[PDB]
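Enquirer: These are the residues of each chain, in order.
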Amino acid sequence: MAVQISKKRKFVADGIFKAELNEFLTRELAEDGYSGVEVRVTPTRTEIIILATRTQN
Amino acid sequence: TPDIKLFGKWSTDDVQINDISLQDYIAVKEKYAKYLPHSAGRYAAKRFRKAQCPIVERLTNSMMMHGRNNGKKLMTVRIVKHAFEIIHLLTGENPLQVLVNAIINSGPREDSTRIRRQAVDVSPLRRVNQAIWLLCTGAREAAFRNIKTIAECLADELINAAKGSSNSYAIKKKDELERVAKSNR
Amino acid sequence: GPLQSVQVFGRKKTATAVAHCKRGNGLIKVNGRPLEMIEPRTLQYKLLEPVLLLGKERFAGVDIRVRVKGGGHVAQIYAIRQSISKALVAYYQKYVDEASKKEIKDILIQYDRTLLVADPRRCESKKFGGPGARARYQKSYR
Amino acid sequence: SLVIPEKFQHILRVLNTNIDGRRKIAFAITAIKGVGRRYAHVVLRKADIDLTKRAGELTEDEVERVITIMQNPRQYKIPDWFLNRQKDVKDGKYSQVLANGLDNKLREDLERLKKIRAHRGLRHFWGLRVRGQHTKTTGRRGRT
Amino acid sequence: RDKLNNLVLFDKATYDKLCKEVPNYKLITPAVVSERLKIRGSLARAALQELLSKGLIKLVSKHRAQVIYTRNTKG
Amino acid sequence: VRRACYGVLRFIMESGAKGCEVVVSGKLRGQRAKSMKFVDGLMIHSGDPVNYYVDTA
Amino acid sequence: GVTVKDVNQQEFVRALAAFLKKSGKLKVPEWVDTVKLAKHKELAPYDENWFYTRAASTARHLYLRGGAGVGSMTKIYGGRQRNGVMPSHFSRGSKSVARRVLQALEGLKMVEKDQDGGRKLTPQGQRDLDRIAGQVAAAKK
Amino acid sequence: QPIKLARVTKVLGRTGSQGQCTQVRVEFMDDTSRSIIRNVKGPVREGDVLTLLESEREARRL
Amino acid sequence: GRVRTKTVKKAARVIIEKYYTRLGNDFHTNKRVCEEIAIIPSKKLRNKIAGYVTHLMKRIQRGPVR
Amino acid sequence: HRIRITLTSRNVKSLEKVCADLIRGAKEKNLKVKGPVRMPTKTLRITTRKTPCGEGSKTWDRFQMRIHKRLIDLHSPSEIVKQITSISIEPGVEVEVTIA
RNA sequence: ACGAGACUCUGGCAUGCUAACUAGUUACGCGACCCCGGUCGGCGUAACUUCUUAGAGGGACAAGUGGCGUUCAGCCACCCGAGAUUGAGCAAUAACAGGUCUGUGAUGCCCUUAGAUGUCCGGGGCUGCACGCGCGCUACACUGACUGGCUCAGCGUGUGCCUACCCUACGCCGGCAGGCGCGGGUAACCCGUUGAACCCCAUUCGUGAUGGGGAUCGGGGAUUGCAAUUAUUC
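Protein chains in written order, with the authors' numbering: chain A, 1 to 57; chain B, 14 to 128, 135 to 204; chain C, 5 to 146; chain D, 2 to 145; chain E, 41 to 115; chain F, 115 to 171; chain G, 3 to 143; chain H, 7 to 68; chain I, 2 to 67; chain J, 18 to 117.
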């Protein structure tokens with residue numbers, strides 16, 4: 001890519017990506033329940049799914 | 014040839030073992046004859062797997078000692094090689110026959126231990148291990164801070180020990196054990 | 005004509021020796037240099053084991069080459085020994101009878117159990133809290 | 002050859018120091034201050050001499066020649082960096098300071114830092130370490 | 041404690057007891073002659089190459105860290 | 115803390131759990147910090163099965 | 003008739019060092035009498051004719067694996083830097099003394115600049131390498 | 007006191023202040039009739055001949 | 002030491018009291034019958050059990066077991 | 018024409034179910050396929066003290082993120098590769114296609 | 001019911017299997033040298049997967065035999081075999097007023113909050129030395145040191161979102177530390193066949209605080225940075 005970082009620096013930077021989700025959401029979406037997410041990778045489209053108990057909130 | 018095996022150039026036959034008690038743990042004859050005293054190993058995995066290890070191998074293994082020398086089996090192979098080539102030019106006989114008589118005339122028969136120490140006999144394997152011990156620690160001292168090289172001091176040890184001249188370190192430290200054990204029993 | 009080649013291997017601590025049997029005359033050399041010109045010369049008769057336990061006439065019609073990398077000095081020496089001693093026993097198993105393969109195996113059995121079976125000893129890993137695999141750093145009271 | 006030669010010189014008298022002829026030539030000269038083991042092998046190279054001899058067999062005439070090279074290494078194209086005192090503080094002469102001058106140029110610069118009240122020289126005046134050592138745990142023989 | 045004042049270059053009394061005495065020895069090594077002639081080891085190495093070239097002793101083991109010589113043919 | 119510890123204990127039991135463990139540490143009923151710990155049923159501690167059989171919060 | 007890899011290496015380099023004496027057009031530099039071989043060395047080598055020894059030792063290295071540069075040459079001539087009180091470390095060789103060797107071997111044709119970097123020996127320089135190697139076997143046959 | 011050679015018939019067990027000795031039952035090779043107990047040092051196998059500098063020193067059994 | 006624990010013994014007895022007629026005498030054959038009559042997660046446990054089954058056979062040919 | 022694909026993942030079985038999935042969609046189309054070359058898997062090595070302070074016996078951690086990678090080479094142009102790689106993929110698998 | 005075991009990784013074992021122009025091997029085609037034959041990390045191809053890598057399964061279970069034991073659990077030996085105990089992570093109940101509030105946007109309470117215990121800058125200190133203790137490194141030499149020569153590795157790491165800074169080949173200049181130039185490497189691809197020491201081979205020294213030992217200290221020269229004076233390292 002543009003900076004073309006190695007896979008070591010690519011996996012762990014996207015491993016830090018997961019860890020910052022599972023802290024950002026537990027500090028906001030905790031009053032409505034939170035049970036982790038599942039990030040899904042596609043080209044030019046990155047869909048994440050917030051698995052939580054109270055979807056109507 | 015696959016018939017006769019030489020220690021490089023030293024013969025392996027015609028070395029009779031004088032002790033019937035000690036001939037069990039001296040691997041030098043007709044099956045344990047190797048060109049070099051440097052085998053791969055596989056001798057410290059059973060209790061008596063040390064027994065069929067060749068006695069010439071045990072001598073080099075009993076030499077790398079005191080720090081710096083530990084782990085250097087090549088140079089003690091060269092040491093014992095140079096040491097052997099001295100004995101045939103100093104006694105005129107085969108070096109192995111000297112080494113056989115070196116072990117036999119240095120091993121303490123009795124040894125005292127805590128049970135007021137009861138003197139008790141030794142096993143022949145312990146008598147071998149102490150024999151290769153004493154005529155190695157005596158050559159390390161006679162070579163230390165001395166112009167006389169270790170390949171020379173090793174020769175002088177087992178030459179004096181093979182006749183029991185009561186001047187070799189292995190001989191003096193052996194008679195003391197057999198004296199103190201004779202004392203308290 | 006047809007190629008009677010066998011590529012027999014042999015390992016040690018890390019030193020791996022892959023030999024290469026062939027039909028022809030008898031030449032025995034590793035990496036381009038013969039076994040009478042291999043350092044350390046303190047161990048020359050280890051490289052001469054399968055030619056003195058079997059005789060120079062066994063490798064008469066067989067020419068062998070060995071490529072070796074890795075390991076250390078002594079480890080390479082034992083690597084070359086259980087490559088060409090295993091090379092002749094596998095060459096004498098595919099192209100001739102095993103009455104001539106067992107008659108060379110049993111001599112290599114009774115002399116040393118390393119020319120045929122590798123040594124499985126590998127260097128033990130280091131754990132924290134010490135300098136080596138088993139040794140620990142010095143403990144200080146008071 | 003193998004025996005003692007004639008007019009042997011058992012001890013040499015160089016820069017009012019002793020040089021025993023028993024020791025080899027490349028290593029006997031090192032008894033002089035300001036010349037070590039490395040600088041000895043090159044003065045015996047700018048002066049052609051087989052350094053396998055001892056310092057008590059070599060002839061008297063050519064040991065005078067190596068003395069010329071000691072206090073004057075410049076004209077024998079000995080390099081500038083190889084010296085011990087390069088770019089002198091006063092007059093900037095690249096020379097090799099030998100024995101009596103070495104312990105003369107030593108107590109010439111110690112007080113030069115003391116007169117100017119330099120922190121470097123003050124430690125020499127105080128008998129302490131100067132190169133930035135930790136004196137918490139060492140220096141216990143000459144420091145009572 | 042004790043100082044072994046060795047000699048650096050031979051004398052005509054030592055050089056006399058080296059050409060008729062050293063080849064008489066059964067074992068010849070530069071360490072066994074440095075202690076029966078009171079000389080250094082350098083003058084023990086350097087004093088056996090010519091006795092090798094003159095053919096008064098024979099070499100039996102030449103090595104970097106160790107060298108030993110012997111008498112000539114008894115016959 | 116007692117009746118709420120049960121309130122989530124028996125709630126997962128009907129859910130279909132094999133057996134669980136709730137621990138509540140901290141200063142309760144006074145200054146010195148005790149540590150209430152009410153377990154039930156079947157639960158393992160050691161070994162590689164713990165990576166997927168239990169989840170900790 | 004044989005090549006160099008069937009010849010003892012110890013009795014080859016000084017067989018080749020004297021071969022770099024019977025020609026005598028190597029143009030040895032001026033500091034050869036006063037230079038230290040490496041920072042891990044503390045003395046100049048005893049042999050006065052050392053510039054002829056390593057020019058031969060480098061030559062057989064370019065026979066075995068060519069394409070070696072100066073950075074490759076300061077690595078083979080590396081040693082254990084005994085650092086006094088601190089534990090020893092691997093120290094590379096000197097660059098200029100490694101460079102003046104091959105800069106002399108490109109002068110009288112033995113070695114040339116390899117494609118994309120290196121220093122491989124010339125065809126006619128390989129010729130005498132087999133030649134001197136044969137007479138070593140003649141010294142032992 | 008003439009020297010005697012005596013060959014093991016059975017190893018009894020370990021003894022000593024710290025388990026450094028092996029109590030070993032031995033029979034004499036010069037006469038298989040007479041046999042005695044004798045505490046030995048070092049590792050002892052079965053049937054290897056021992057060199058007892060005295061014979062009338064029987065060892066006590068535990 | 003090599004002493005069989007209960008979960009390799011209680012699971013090897015129930016095998017005999019359910020499939021005595023399928024297994025045989027030697028280790029290797031009833032090693033592969035055990036993979037079929039029971040679901041065992043690992044392979045070490047496969048050999049631990051099937052080895053104990055043959056040790057129990059050599060106790061059955063000499064009479065009953067408790 | 019000579020199109021490479023570089024597979025990578027942290028988990029092994031998630032890749033081995035989708036690496037073979039390429040050929041099971043490739044041999045369906047009956048085109049020339051190169052076998053996935055198992056290149057040496059790296060391992061992210063991180064070691065830290067267990068204790069957040071400096072008290073107690075010195076204990077450490079051995080953290081690993083061993084990372085696998087496979088390479089399938091094809092003999093198909095840039096239009097047919099968009100139908101095979103687009104299907105049946107796992108989240109923790111990262112798929113990269115090189116045109117040259 | 002837990003813990004132990006089992007379990008997971010790791011260590012070697014499978015000329016069988018899955019496949020490699022980022023890995024190799026053997027042939028072949030020339031090329032270079034030497035005497036059909038030999039060497040060649042010198043040069044391109046069609047087969048192969050032993051060597052490399054890593055996938056799937058396989059193999060070991062006290063399975064066999066000989067003694068011992070209630071002849072039960074099992075022990076011991078031996079044959080056969082790559083192993084007839086590889087190493088490690090994981091790790092119970094209850095507790096310690098063990099350590100950490102200097103790991104935190106974990107935090108009660110108290111204190112402080114404008115002349116600040118906040119923040120920021122400048123400079124110093126964290127190294128300071130009659131002395132005591134702990135973990136270590138080099139040593140005390142000849143089984144050595146020195147100088148040449150020869151010859152073998154495996155773990156990794158490598159151009160950073162902010163962040164301005166990567167690992168290094170080759171070619172010149174320089175005694176060296178280093179410098180100037182142009183390249184490759186986001187990596188089985190370039191470093192790199194990681195020419196690592198020890199060791200080995202051959203010189204020299206010869207028992208002398210010695211060429212053992214390199215503390216201490218003087219002079220000089222380069223690199224890092226805004227800055228090295230209390231010596232940044234070299």
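Please note that the accuracy of each hint is not assured.
As the list claims (entries may be wrong) - DSSO-like mimics (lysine-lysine), calculated; alpha carbons at most 27 Å apart, straight line:
(1) D:78 <-> G:142
(2) B:22 <-> E:52
(3) G:142 <-> E:94
(4) A:10 <-> J:86
(5) E:66 <-> B:22
(6) C:143 <-> J:67
(7) B:22 <-> B:42
(8) E:98 <-> B:94
(9) B:18 <-> C:105
(10) E:43 <-> B:94
(11) D:25 <-> B:167
These are computed hints drawn from the structure, not numbers from a lab.
Enquirer: Against this structure, judge whether each hint is valid.
Expert: Tested hints:
no.: 1; hint: D:78 <-> G:142; in the structure: 45 Å, violated
no.: 2; hint: B:22 <-> E:52; in the structure: 41 Å, violated
no.: 3; hint: G:142 <-> E:94; in the structure: 23 Å, holds
no.: 4; hint: A:10 <-> J:86; in the structure: 14 Å, holds
no.: 5; hint: E:66 <-> B:22; in the structure: 21 Å, holds
no.: 6; hint: C:143 <-> J:67; in the structure: 20 Å, holds
no.: 7; hint: B:22 <-> B:42; in the structure: 15 Å, holds
no.: 8; hint: E:98 <-> B:94; in the structure: 18 Å, holds
no.: 9; hint: B:18 <-> C:105; in the structure: 22 Å, holds
no.: 10; hint: E:43 <-> B:94; in the structure: 33 Å, violated
no.: 11; hint: D:25 <-> B:167; in the structure: 22 Å, holds
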